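Okay, here we've got a single chain as C-alpha cells, the form deposited in one PDB entry, with questions on binding and movement later.
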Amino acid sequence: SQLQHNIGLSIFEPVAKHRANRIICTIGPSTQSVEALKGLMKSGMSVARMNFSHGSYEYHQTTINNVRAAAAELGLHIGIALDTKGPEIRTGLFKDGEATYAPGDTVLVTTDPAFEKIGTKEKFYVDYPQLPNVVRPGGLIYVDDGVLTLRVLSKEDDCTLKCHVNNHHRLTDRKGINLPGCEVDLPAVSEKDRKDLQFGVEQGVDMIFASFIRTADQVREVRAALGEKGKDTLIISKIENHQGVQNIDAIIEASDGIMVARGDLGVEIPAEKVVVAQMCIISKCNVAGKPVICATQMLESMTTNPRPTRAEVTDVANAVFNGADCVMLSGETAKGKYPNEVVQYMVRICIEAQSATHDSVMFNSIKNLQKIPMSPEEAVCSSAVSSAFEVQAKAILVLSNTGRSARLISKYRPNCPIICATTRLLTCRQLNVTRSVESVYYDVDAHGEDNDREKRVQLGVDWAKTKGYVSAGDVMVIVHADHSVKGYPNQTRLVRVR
C-alpha cells in the first residue's frame, strides 16, 4: 500500500549507494567547453544532447569532439544525442519588421506566397498549404509557442482564413505556429533533418531524438533515413502532440525508446493534461521495456537562480516515481548560469526518490502485466530480478552485446545496479538511457574470443567490487547463455564474490 509505505518514510535514513536513474544534458554556449563538459559528466551527465533546431555542422562537430575528449579524459562512456529540428510550420515576414494584435481584431491567415514577404497586422502567410482546408471554423490556432491564441471564423479565400484575436501579443518575422487537436500531414523527416541525420550517422551519434512523431510509420521513415550505416542507432521518438499520445502504443512498438517532450506537448495539449500524458506514456514504456525520458523545465529556475523551486524538486522526484529511466535538462545546462549545480541537484532528487520507492512493487506490477507464456529470454531475466530480491543480491551481472538483455533486466526494475559486460562500445553508450545499467567493455581483439563465459564474468565482478557495490562474500545474480545455444540468455546463477 502506498499509504502504508509513506507512513514510515524516514527523512533521516541513509540514501542508496548507487544511482539508478539517468540524467541527459543539452549542450550549449554555457557547456560546450571540454572543461565545462568534464564538469557536467563529473556532476551526473550520462547523455549529451545536441538541439539541431539551431547551430551549424561546425558547432555540433565541436560538441561531438569536445564530449568525446571530456569522456576519454574521465574514462567514461557518454551517449551522443541528436535532437532533430523536425517538420516546422512557421509564419511569413512581417511588414517593416513586426505587427501587433489586440483582443477582438479580425486577422487573415493566407497560404498564397504573395503575403510571404509582405505580411501586415491584418493579413500574413503560413508555411502549411493544407491550413485553410484542415483547420475548420471554431477551431484554435497557436502562434509563437501558444502566446497568441487565434479562433477560426470563416474561410475567406481557398488560401485565406478569417480569424479572431483573443490575446494581446506582437508577432515577429517567421514565428512558429501550432494547430491543437488537428492531424498534421507534415513529413516525418524534413530536407534539413535528412542531411542532419546523415551527419549524425556518419559522425557516430549513439541515438536520435526524433522531433514531432505522430505515427508509427513516421518512426520507420526515420530508421530508413538512417540506412545500413545507422542500423544499430536508437530512435527515441519525441511525443509533442495529440497524435503522439493517441498512437503511443504503435509509436512504442516502432521506436527504441520515448521522450515525453512536455515543451511542445504543453503548447499543443492543455497544461493539466500533460501530467496524465506523462504517467500514461511512462507506464506503457515500462510494460514495453523501452527507455522513457522526461524533458521540459525539470529545474527551470536554476537557469538564473542557484536553488530550484519547491515545484521543480517534486517534478524531478515524481518523474522517477512514475517510472522514468531518464530526466532531462535543456536550457538549464545549455544557456544556464549554474550548469554543474543544476545537474548536482537533479542527482540528489533522483537518489532520494529512488530510496522512497517500494522496489518490490514496481517489479511485481510489471511482471503481472506480462503475457504468459513468457519467452525463455524474458522468464530468465524476470526470474534473475526475482532471485535478486529473494537472496538480497548487492548487484546483477549481464553479458549483453546488443544491450537487449540488459534492457529486459532493467524492465523488471531491481533494487540493485545492473552491470553490463559488452563487446561493443556503442552498447556502453546506449545503456546510458536505461535505468540501473552500468556498462563495462570487453575488447575481444585485445584479450580473447572468450567463447566460455569467464573473462567477461570476472571483468564484471571486479568492476562491481571497485565501484563499491559488492564486497567479499556478497551474492551476485549472473545472466548469460549456456555453452550450447547462444544469441539469447537462458543461464542464471547465484554466486558469492569473495
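Rigid core here is just the name for the largest C-alpha set that superposes within 1.5 Å across the two forms. Positions refer to the first chain, counted from 1. First, how it differs from the form deposited in another entry.
With the core superposed, residue 387 shows a C-alpha displacement below 2 Å between the two forms. Taking the rigid core as fixed, one finds a CA shift for residue 354 smaller than 2 Å between the two forms.
Rigid-body analysis of C-alpha superpositions between the two forms gives a rotation of the smaller part of 13 degrees.
Moving from the form deposited in one PDB entry, what structure would you give for the form deposited in another entry?
Below you will find a single chain and nothing else.
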C-alpha cells in the first residue's frame, strides 16, 4: 500500500543518477539570447515554448533561430513548441492607462470599438463581440485572472451589459476575460491562429500547444490547419475550461498529448477543483500512453526570489507523483530574474520525486488497465518493460524512427532510461516531451542504407555506455523489428554489454 511505502521512505538514500522527467520553458525577454538559451539547456531545458498570444513572426523567428544555434553549440536536439493564442478575449485600453473599481458600483461593459481605447471606470470595451448574447443576467464576468468579478445586472443595449462590481480592483490596458458558466462558441483556429500555424509548419516547429480545446472536433480543426507539410507535427491540447475537462476522453484520443494549462483553468473552474482535475487528466493520459504536461505557477516565486516556497516544491514533486511526463515554467524563464536557477531547482525536485517513486507499481497499474488482446507492437513494448524490471536492466534500447515505440515503452513507466535509435531528427526533438526517453540520432545518409539494423543498435549501446548509463556486464533490453517485416517492432532481446 501507499501508506506502507511512505512509512519506509529513506529520506537520505542516494538519488537517481538519470533524470526521467522533462522540463518545458517558455522563452521571453530574459531568455531569448543564445547565451541565455545555452544556460537553460545546460540547466535542464527539453522543450522551448513560444507564446503566440504576444509577438510578431520576426520575434518568434529570433526564438527559433536562437534555440537552433544554442542547441547546435551544445550538440543537443531541443524541441520548439508553438503555443497558439486561441479563442482568447481581453479588455480594451484605458484612458490614462488605469481604471479603479469599487464594490457595489456599476460598470457598462461594451463591445463597441469607439470605447476600444477610451475605457473609463463608468464604461469599457471587451474583445468578444458576441459577449452580450452569451453572458445573461446573474452571470459573472472574470476580468484579469479572476481577481475582478462582475455580476451581470442587465443587457442595456445591442452590444453593452450593465454590471455590478463585486470587489475593489484597479485594472489596466488589455487584460484577459473569463466566462465560467458561459458556453462561448468561438473558432479554435481563428484567422490569426491559422496564419500563426502556417508560419510554424514552414519554419519547422516540432509540436503545437493548442489553446482552449473544448471538443474533440476542435483538436481536429487544428489538424486540418497544418497541411500535409505539418502532418507529422504533434498536437498537445491545452485543457483550461470546464468543456475541456468534461470532454477530456475525446480530446485525449484526438490529440498527441495534453497540457493541464492551470492558468486559465483555475479561473474557468474553482481553484480547489484544479488539483482533482490535474490528477484525473494526468492518469487518463498515463493509461492512454500520451505525454501530459503540468503548466502554471509551479515555481512562480522564483521569478523574483532565488529559492521557492515550500508549496512550489511539493507542487513540482506531486506533478511527478500524479504521473506527469513534463513540468513547465512560464513567468519564471520568460520574464524571471533567476532563469537558470529555476530550471536547476525543478531538476533537483524531479530527481527527488522520481527516486521516491522507483516503482513497478505504476507499470502494473497502467498494464492492468489495458484491454486484452493487445497489439503485437504494444505487447512487445509492455513486456520489454516487465523484462527490465525482472533482470534489473540498467537501460532499454528501442529502435524507433517515428517515436511511436519509444512513447509506447515510456507508457509502461520503467525505472531505467529509454534510449531511442531514431533516423529522423524531428523525432529526437518530439521525444523531449516523453518521460525517461534519451534519443540518439543515426545519420543514414553519411554512412550506409543499413538493411540489418545492427549499426543502429551498436550506436545506442555505445551512446549508453559513454553516457554512463550502462557499464561492462550490465543487462540491457533491446527492442526492434525482424528483417522479414517493418512498420512496427515485434522482437525483444536481453543483452549483456561489451
